[PDB]
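Given next, in structure tokens, is a single chain: the form deposited without this ligand.
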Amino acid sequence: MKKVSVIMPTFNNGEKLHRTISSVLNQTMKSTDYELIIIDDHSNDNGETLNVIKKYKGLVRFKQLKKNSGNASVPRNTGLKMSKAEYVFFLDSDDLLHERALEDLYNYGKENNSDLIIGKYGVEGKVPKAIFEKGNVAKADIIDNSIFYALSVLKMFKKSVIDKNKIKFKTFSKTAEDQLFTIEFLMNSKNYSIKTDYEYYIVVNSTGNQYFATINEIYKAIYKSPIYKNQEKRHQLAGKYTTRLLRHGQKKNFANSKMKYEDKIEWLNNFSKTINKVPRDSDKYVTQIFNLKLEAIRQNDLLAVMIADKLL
């Protein structure tokens, strides 16, 4: 059993993919203990991506899907089925791992019996920060360590948790599926760790029917948590997630935007129906400045949302 499967979907990456693959093959961890699983989502760049990948034959595992899925969910699920490692780590094909990433995160996880290890993110070009503000955290808390503000899957996940709970990337929506994966993982596991000694992971830079179906699933995951079983704790998590959704949600400022009227109505209708399945008991945990915006959304009142945004 390997310590870590790095799962990396590709699509039309081309020559830039050398630096990514190279960052993974040059880990401090012994290559006996990890594998890179590359799942190409049927690239169509006259062979250029597949040609880069072929230079690493024998050093990687590779699968190409027959038809392009059009998002990382199907390739990520494929990678999950192929991995038999203790932990998985999702890498986006533009990005880079620090040479110490797999070894440092695995070791910290092993030491602290971690279900999830989050490595500090860096950037190339012009990522969450609050989660990393306290340095290393051996046993982090969702609310105190701002985990709802860092829900990417660019993290080290314990595979047994995924297997036992049959956690998979959903395909019904094109967006927020990663967030849902991470939420379902958090709600079905206990021990999360945050590791900060280096920048371990370097990021290289709709009507809402699908998106709000996915948000609906996030709230469902919280309220059915077998880890957080207390109803008041579920209200608290749900309320803190609402706060995050209002601060950083997709199209958060739709109301006063240049969106067509009928689109704004359909968006808000979806947002309203979703939030009205969330108990009002969660509302007291939402930050006070958002009181009017949240109520506007509950009432499905576009003018009130517009006004709420003007006053924020």
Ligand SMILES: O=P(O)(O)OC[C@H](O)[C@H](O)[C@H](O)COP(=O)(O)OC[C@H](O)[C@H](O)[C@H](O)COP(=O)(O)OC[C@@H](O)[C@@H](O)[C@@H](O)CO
The other form holds:
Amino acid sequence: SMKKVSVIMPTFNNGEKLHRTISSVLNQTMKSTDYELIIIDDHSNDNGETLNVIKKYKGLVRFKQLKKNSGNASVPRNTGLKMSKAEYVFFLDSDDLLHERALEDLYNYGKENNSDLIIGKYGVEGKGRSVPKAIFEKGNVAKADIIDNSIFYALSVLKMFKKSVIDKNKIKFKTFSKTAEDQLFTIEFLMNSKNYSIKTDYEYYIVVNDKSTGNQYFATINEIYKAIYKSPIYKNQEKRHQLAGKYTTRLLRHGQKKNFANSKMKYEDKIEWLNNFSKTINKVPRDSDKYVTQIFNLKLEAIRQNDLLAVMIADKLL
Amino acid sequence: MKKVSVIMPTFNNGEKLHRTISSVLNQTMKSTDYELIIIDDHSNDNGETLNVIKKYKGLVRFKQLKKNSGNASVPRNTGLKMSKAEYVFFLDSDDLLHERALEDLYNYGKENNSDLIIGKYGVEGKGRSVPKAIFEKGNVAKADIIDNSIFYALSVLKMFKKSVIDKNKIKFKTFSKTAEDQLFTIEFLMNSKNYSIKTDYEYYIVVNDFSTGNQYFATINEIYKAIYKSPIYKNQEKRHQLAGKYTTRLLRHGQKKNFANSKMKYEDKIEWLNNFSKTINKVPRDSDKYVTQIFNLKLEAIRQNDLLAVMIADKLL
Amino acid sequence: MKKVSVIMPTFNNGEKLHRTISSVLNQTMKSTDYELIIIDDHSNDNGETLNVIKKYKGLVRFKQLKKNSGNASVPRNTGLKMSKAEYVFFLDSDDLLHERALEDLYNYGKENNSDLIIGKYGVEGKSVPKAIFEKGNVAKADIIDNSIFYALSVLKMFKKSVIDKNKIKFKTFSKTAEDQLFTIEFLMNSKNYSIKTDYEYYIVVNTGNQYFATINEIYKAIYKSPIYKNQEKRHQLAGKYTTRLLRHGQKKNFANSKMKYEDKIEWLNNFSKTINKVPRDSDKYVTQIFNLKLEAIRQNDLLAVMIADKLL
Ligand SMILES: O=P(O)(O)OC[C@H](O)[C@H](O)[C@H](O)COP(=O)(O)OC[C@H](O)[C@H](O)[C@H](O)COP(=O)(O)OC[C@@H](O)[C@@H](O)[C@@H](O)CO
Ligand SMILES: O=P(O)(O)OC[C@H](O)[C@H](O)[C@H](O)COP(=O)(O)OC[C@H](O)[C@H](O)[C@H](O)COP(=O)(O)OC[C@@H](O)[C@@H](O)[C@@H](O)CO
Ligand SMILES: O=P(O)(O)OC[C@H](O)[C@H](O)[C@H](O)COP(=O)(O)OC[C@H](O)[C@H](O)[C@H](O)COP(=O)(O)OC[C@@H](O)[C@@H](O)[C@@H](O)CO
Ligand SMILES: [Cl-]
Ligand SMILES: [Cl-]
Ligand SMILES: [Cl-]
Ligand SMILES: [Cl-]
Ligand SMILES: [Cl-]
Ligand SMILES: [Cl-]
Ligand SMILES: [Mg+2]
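Next up, the form deposited with this ligand bound, please; the one we just looked at was the form deposited without this ligand.
The complete assembly is shown below, putting the previous chain first.
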């Protein structure tokens, strides 16, 4: 009666490309009655092209049309979560492909290892969006560790999540920012679960490529640090410092506008951006700083001091 | 009306002046089509300089200033008042003109309706450097300040159309001992459109032989004022681009560019940086994106008036 | 009156002390011309150290402090009060004298009317000054030309009259740099310094509030010197000391270290307060590679010190 997996896919003005994606979900080795594809269209306005593609699969998919374009994937994904009563959910971007053995292999690995989270190796088609690599370099891992398995470098929601963890902890995608909302979701999930699995037999998920003040972005980063320091799984304060320090390293290596200081950004926007970054990082205990990779020691201290010249210099030395 | 007035200030040049005066009198241009105006800034070398000039009585126009002005500005202004020619050419007392300089530059200017003609510079000896990049594309009939590196050749050792100087009342200032020639060329560039570059010969040979910044930065301030008030370059974004290019030139070749890590007394470094900071902070930040990016930190350090940051910026350059 | 008093503080040295005491008793100098004064800083090693010293009863002068002072200053001051010799020589409890150390240094000092004689240092195990000894013997040395600010240990022969007349005592402000302060006070109150390099005469055997209070006293000693009265000469000496402090000072690389942020700020604050009492006229005598680091410390700017260290 209860499905193994709910695949949740937001759509917006995808057009004829959506065929390839929907086909990748319908052609799974997993029994077709054991899973569902939930499509949530974020009020496509492409002269019905996207709706016409979805109408060809009526009765093979669950479908909901939002009355207004929300602007990001958070509202559609939350709609999908409310609609799913499956054991696991898997979030899929509308332009991406699943390997034919993705749902079966990931579910089976998860069930065998009582996993709250299963991460399948990502492949990529074309230049653009990059995919994590370090997380998959140790082959299959049944009981993975956030730090040892580089999970803070793979925080997309393009993964298999146990629904009971999402329901019990009332984990929803937040809508206060256009960026990093998927990171916050995965962090909230990681901080409320213990069992993480990594499957690398195939490229199970293929990513297909074809002036912010920072008030909203750093509000999201603030929530990530809050999630770590309030974790009911990682309760030891020193363990929280280590996790926070590892996130700080990831943020300085891969964060939005990481090289803003020496950029062509207007001075007043640099000041506002650094002010938000500084305010957010200064709510993070300095005890975390010793867990940050040492090359970033000056840059991190420059941000804490809210000193644009020092950040500019730090970046020139990196 | 003469084609060209060559204007040459003198001061205690002595016997070396023969070579220079001879280079002007030996031109391919018809000798009745141009004049050499010599303005002596009250030489006091026991009449040696005056004795050299007296050998060309009747062949040059000459004026003796009653007192040494201290810089070339007053003599050059005197020369401008004395000239009624179509073009003026400023010559330094120790330098040489190629025999085809006046004819080739004038002809190129007349053919291209040029307000400004720049002849390729040669140099003899170490000391004063000369621009090179401006001459690397050969002859250019309608040059562009940015594309032809004109902000890297701001000497007045050029042929200027007199009507532009007269209509816009362009005079050399006496605010400072340095960069007054730059200000003059900038004022001229911002009030004219047609610039020509001639590279067939080394037309002008520079010959080498041998403090608080209040006055210098007052002159730099006037250069930025000239750019942002230009009746030729009226588009505000074009002004930002020009101002950014000047900022780059100032950081690459300005007076005391490496003051921060120098043996200058701390208190003098602070006063110098304070004048630099005050001047640059009157320039819109919109210009900063047009500055060559290696200087991004040094420029921001100067805007913040932060000596430590300028010292660090210089160590990283 | 003895030629030399060797002053040796002890604390929990144990059986190793035999080798040191033997090196002092086996000198080419007539044994009646010198004395070894041992001041134990209340050793608590089950009497092991006292048992070693008791084997030389009648061959050494000995005093036991009632309480461990924590630093060599109190024991060395006790030794100074006990000595009536022409010269004193301070010896660390684990170190060795060459057999010709007292004789050769004393003779060189007497022949050159030296207030201070410095014998070449050797080392056993995993440092000692080198530049001071690179010109061979120097009868009338110069602080700057002979790199004396790079050899400020008290492991030297000092004329006692200079110590007595100027009331020079080891201070107890800090556990560190008290020997430097003593040698600086001595140098600033004397003229005749000698360097002897014939042998390795001496073998070394292997809070910032308090430390910078001591560094402050070193600068005070230079700027109050009755020997070096010329203000420009004081600036040169102060600048040379600043160079030595940046090259060899305690926690020289604190800024990029694993020190807690709040301790870095307190340390730099003390360093800044101390250096800002030193005239900026001295800065031009500091080796130019340190120009940014020195200015960073004067500005009390942790980020700039961190950057300065990354560029050094
Ligand atoms: O020894 P440390 O910790 O200093 O160094 C870490 C390792 O050297 C690590 O292996 C490297 O960082 C290289 O990692 P990688 O090659 O395995 O991963 C590359 C990036 O993590 C990845 O391309 C991006 O960061 C994408 O990040 P995601 O966590 O997958 O999702 C974030 C993204 O969806 C979005 O929320 C944000 O990009 C919006 O700002
Ligand atoms: O602009 P960017 O950042 O993309 O790159 C610049 C290029 O690398 C370019 O090729 C060069 O910088 C251009 O320099 P150059 O090789 O043509 O040499 C020209 C120099 O600017 C020249 O040596 C002098 O620095 C410029 O002196 P003047 O323009 O003749 O100034 C008049 C001078 O007598 C006087 O105003 C100053 O002595 C008063 O300080
Ligand atoms: O930059 P300049 O031109 O002025 O010269 C730098 C040259 O490189 C110079 O020749 C060297 O610094 C000379 O050094 P060195 O090779 O003769 O000796 C190295 C150090 O001086 C030496 O390792 C220690 O600094 C010795 O310190 P002490 O003067 O014996 O201090 C006493 C010490 O027990 C104590 O006070 C310290 O532990 C204080 O924390
Ligand atoms: Cl972990
Ligand atoms: Cl934002
Ligand atoms: Cl908060
Ligand atoms: Cl824990
Ligand atoms: Cl991010
Ligand atoms: Cl000038
Ligand atoms: Mg700074």
